[PDB]
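2 protein chains.
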Amino acid sequence: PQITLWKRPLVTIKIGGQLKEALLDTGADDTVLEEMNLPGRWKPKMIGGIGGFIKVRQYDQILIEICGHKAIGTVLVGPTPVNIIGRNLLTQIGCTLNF
Amino acid sequence: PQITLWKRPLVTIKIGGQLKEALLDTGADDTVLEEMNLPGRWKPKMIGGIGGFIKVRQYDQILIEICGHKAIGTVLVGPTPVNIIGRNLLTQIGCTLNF
Ligand SMILES: CCC(CC)CN(C[C@@H](O)[C@H](Cc1ccccc1)NC(=O)O[C@H]1CO[C@H]2OCC[C@H]21)S(=O)(=O)c1ccc(N)cc1
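One line per chain: the protein sequences are A and B, in this order. Under the deposited numbering, residues 1 to 99 are what the first sequence spells out, in order. Under the deposited numbering, residues 1 to 99 are what the second sequence spells out, in order.
Hints in this document: simulated from the structure, not taken from any laboratory. Any given hint might turn out to be false.
[Claimed, not checked] Here are the computed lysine-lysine pairs in the DSSO-like style, where the Cα-Cα straight-line distance is at most 27 Å: (1) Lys70(B) to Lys55(A); (2) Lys14(B) to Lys7(A); (3) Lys70(B) to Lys14(B); (4) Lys14(A) to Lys7(B); (5) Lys45(A) to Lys7(B); (6) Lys45(B) to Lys7(A); (7) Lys43(A) to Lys7(B); (8) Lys55(A) to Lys14(B).
Isolated chain A, as found in the complex:
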């Protein structure tokens, strides 16, 4: 679908068998979700935003469905202000910017 930007581009995602709201964020290299219990192994990593760096748990090769589109990639879990879908997954669902 085509999404205009008058409102935040929020969509429903399905990760680990749970539905969640997430922001499509072309300014994010990586996907970062709020604190949650995910199955599988994870490694501690650091990521930096506009206001500094935070500690996150890195889950690799996680299945995540975004508006009925399947992706399998890296998902970071930590104290992000909001669930964001970054380019690592936006590329997988075929997302482009157009103007």
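Take the given structure of chain A and dock chain B with the ligand to it, following the hints.
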């Protein structure tokens, strides 16, 4: 044009007679640019993201040209690591997400 997301969506912009590179950021509510000396009045503001908040200067009715598309609106200026074009100006250039 159509911008894929394999790499950061960086484009050339023109503001206050200066050319800069900036990120087309659907996750940013408002445009925030690196520290620069813009004339005119401004209002202090704080904006939040990963890592916390930064203090910025809010300028209103600022003209920016993005890839030849003109747009006028709020421009925040502060210690951001990257120039960010946010939804407030992305809507004005007819920019959409598509997948
Ligand atoms: C509240 C929703 C997001 C943060 C979650 C808002 N951000 C825009 C976002 O695109 C930001 C924009 C951004 C890009 C690059 C450096 C700092 C900020 N990218 C970002 O934080 O991405 C992180 C996750 O992927 C990684 O790649 C980029 C950093 C990591 S922001 O920078 O903090 C921001 C907040 C308010 C305004 N008005 C303008 C920008």
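Hints, verified against the model:
Distance check on the hinted pair: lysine 70(B) and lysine 55(A) sit about 39 Å apart at the alpha-carbon level, beyond 27 Å; violated. Taken as a hint, the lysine 14(B) and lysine 7(A) pair is honoured in the structure, with Cα atoms around 25 Å apart against an allowance of 27 Å. Between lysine 70(B) and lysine 14(B) the CA atoms are separated by roughly 9 Å; this keeps the pair inside 27 Å, and the hint holds. A hinted pair counts as satisfied when its Cα atoms are at most 27 Å apart, and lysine 14(A) with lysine 7(B) qualifies at roughly 25 Å.
Simply put, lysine 45(A) and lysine 7(B) have alpha-carbon atoms about 21 Å apart, close enough for the 27 Å limit, and the pair holds. For the hint pairing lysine 45(B) with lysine 7(A), the CA-to-CA distance comes to about 21 Å; that is within 27 Å, so the pair holds. Between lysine 43(A) and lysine 7(B) the alpha-carbon distance is near 25 Å, which keeps this suggested pair within the 27 Å criterion. For the given pair, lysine 55(A) sits about 36 Å from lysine 14(B) by alpha-carbon distance, which is inconsistent with the 27 Å threshold.
The structure fails hints 1, 8 (numbered hints given earlier, in ascending order).
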